[PDB]
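Missing here: one protein chain of the complex. Every other protein chain is in place.
Which chain is which? They are A and B, in the order written, and residues in each are numbered from 1.
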Amino acid sequence: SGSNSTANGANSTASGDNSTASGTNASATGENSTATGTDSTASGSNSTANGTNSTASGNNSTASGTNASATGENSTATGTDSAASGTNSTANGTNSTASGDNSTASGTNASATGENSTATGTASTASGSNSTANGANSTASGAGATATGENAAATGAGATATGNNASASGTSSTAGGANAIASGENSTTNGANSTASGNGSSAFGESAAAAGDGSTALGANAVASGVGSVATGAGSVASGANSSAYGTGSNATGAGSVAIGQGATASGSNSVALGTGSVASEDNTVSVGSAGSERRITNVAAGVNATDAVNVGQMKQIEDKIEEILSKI
Amino acid sequence: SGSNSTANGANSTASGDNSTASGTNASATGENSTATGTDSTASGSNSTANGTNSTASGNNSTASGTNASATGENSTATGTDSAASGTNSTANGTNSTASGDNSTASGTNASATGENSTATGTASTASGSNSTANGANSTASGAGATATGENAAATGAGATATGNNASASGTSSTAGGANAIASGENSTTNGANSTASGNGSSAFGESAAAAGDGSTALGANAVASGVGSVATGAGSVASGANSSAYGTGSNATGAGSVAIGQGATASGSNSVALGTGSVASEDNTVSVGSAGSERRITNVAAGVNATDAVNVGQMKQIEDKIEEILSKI
Partner (left out) sequence: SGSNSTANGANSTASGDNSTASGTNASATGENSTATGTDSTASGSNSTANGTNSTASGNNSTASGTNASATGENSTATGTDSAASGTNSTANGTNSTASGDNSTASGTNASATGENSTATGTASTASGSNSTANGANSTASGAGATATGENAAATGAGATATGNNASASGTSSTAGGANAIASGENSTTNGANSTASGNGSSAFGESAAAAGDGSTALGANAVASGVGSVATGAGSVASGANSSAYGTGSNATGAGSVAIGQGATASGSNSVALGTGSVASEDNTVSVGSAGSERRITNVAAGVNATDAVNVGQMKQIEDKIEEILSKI
């Protein structure tokens, strides 16, 4: 009964201006409304409903598909049983739900229920505030969480996960790479199959592991398993408490040990192995090699204080003195 | 008036072949066109328009919703006031706009205006050429920019940002982690709340900070604030110009200083602190410990040149000589 309006089908209603109802009990009551299908409803302003029992009751709403429902202001729902119920909500796919304000859900059973949430992919879930999930079966449930990849999961507050099966579960955790795990508080990992599980741990490289609290493991298969350990280099190990290893295959296993160079090994407490292949097994020493593989130390200035090193020139002056004491005797 | 065509409603037109117009002034003039709603228009080839004042005028266009407009070739627009105007453009959501060629925009007020641009999320913006934004309120405005996460922003040319509130604003900058900032030219940061603000700076770890030009900070809360500084380890600091710190809690504060080991500290100019807990405060020295905590240096080969170090065996030969000069006297 509205202006420039048609109502075809039994008990259909076109009361809105510029409205077009069609189908048994199709109700196009909003202004500029179009309702198609049995029991379809376009009651909002500028609303369009297509499909049996479809509902476009929000202002500026569009619902397409059987039982599709666009009840939010500025809502759009496509697919059987889709629901766009938040303000500024958009749903595309069967049984998709965009129920948060400013939410967008795309894929069968995709769910964007947080404020400002976005879920893309079948059975993706963006349930945290300001959460973003992109990938089938992905989950961004933490506040500010972002998950990208199939089965990626960002569950910590401020967590970010990128990669198939990646998991960022600690507060302020970040994981990148397939199967990467950032589970410590304030943990960061990047590399497929890498793990940063200590609090304050950071790992970089495929299969790198920073399990110590405050540990840092950088390089493929690097291991920083001690508290406060640092390991840089593929296959490096810093397993002592407060240990430091630098170089491929370096090994700092003593408490406080330091190993610098490819294949350097330091097992002594507070010891240092300096140089490729150097070995420091004695506690509280600096080794510049190993037995049979000693190194000269060069560009040493003359020592002055009692615990400074001595250079050859200082010794040669004593030798010359003894020579002359050989003439005087 | 087209073949296999129906036109129900006043002043409706079905001139295209296989065309179906329905509604006051519904115009289904394209081939294989279907126009539903008052003033709806399906004028393109293989075009489908549903909703009051909806327009599908592109070839292979589909417009659904009041005022929805699919004017590009191969364009698809769903939602009230949606607009797919580029070639190969797709828009889903109220007031979404896909105006670039090869552009895709999903979410209320989402905007994909660059060539090859993709925006997913309420009020997301992909305005750069080859730009990608995924997250409510995200922005990829640089050329080749990619932004993922709610309120993520990639504004530099070639910038990439991943995480809630992440920001990549320098040229060729990359930020990963919630609240991460890559603001220097050619800067790279990964870790929640991390910052790479120097030109050529790189930071890895939660709250790591590389503010120096050409600086590198690796580990949770690491600080590389000097020009050309390098800090690796949780809580490491390299604040001197051209300083280097390796180990948890290491501190290289002198110009040109080097601190290697957990808790090593080097404040002297061009000094080196080698070993856990070592201290180098004297300018232009290498310290292997600290006063009271001296270390032996081991596996030292006999010195040859004047500035080589001397080992015990060389001294013992002088001692034996003096012993015999004790017999001869």
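Basically, a residue touches a chain if its C-beta (ideal position, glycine included) is under 8 Å from a C-beta of that chain, and two chains touch if they have at least 3 such contacts.
Looking at B:202, B:225 or B:253, the residue that reaches the missing chain in the full complex is B:202. Within the set A:84, A:241, A:274 or A:279, the residue that contacts the chain not displayed is A:274.
Which of A:2, A:16 or A:23 touches the hidden chain is settled by the complete complex: it is A:23. Considering the full assembly, A:262 is the residue among A:45, A:129 or A:262 that touches the omitted chain.
Considering the complete assembly, subunit B touches the hidden chain via residues 4-6, 8, 18-20, 22, 32-34, 36, 46-48, 50, 60-62, 64, 74-76, 78, 88-90, 92, 102-104, 106, 116-118, 120, 130-132, 134, 144-146, 148, 158-160, 162, 172-174, 176, 186-188, 190, 200-202, 204, 214-216, 218, 228-230, 232, 242-244, 246, 256-258, 260, 270-272, 274, 278-280, 282, 284-291, 293-301, 307, 309-316, 318-319, 322, 325-326, 329. Mapped onto subunit A, contacts with the missing chain fall at residues 8-10, 22-26, 36-40, 50-54, 64-68, 78-82, 92-96, 106-110, 120-124, 134-137, 148-152, 162-166, 176-179, 190-194, 204-208, 218-221, 232-235, 246-249, 260-263, 274-277, 288, 291, 293-310, 314-315, 318, 321-322, 325, 328-329.
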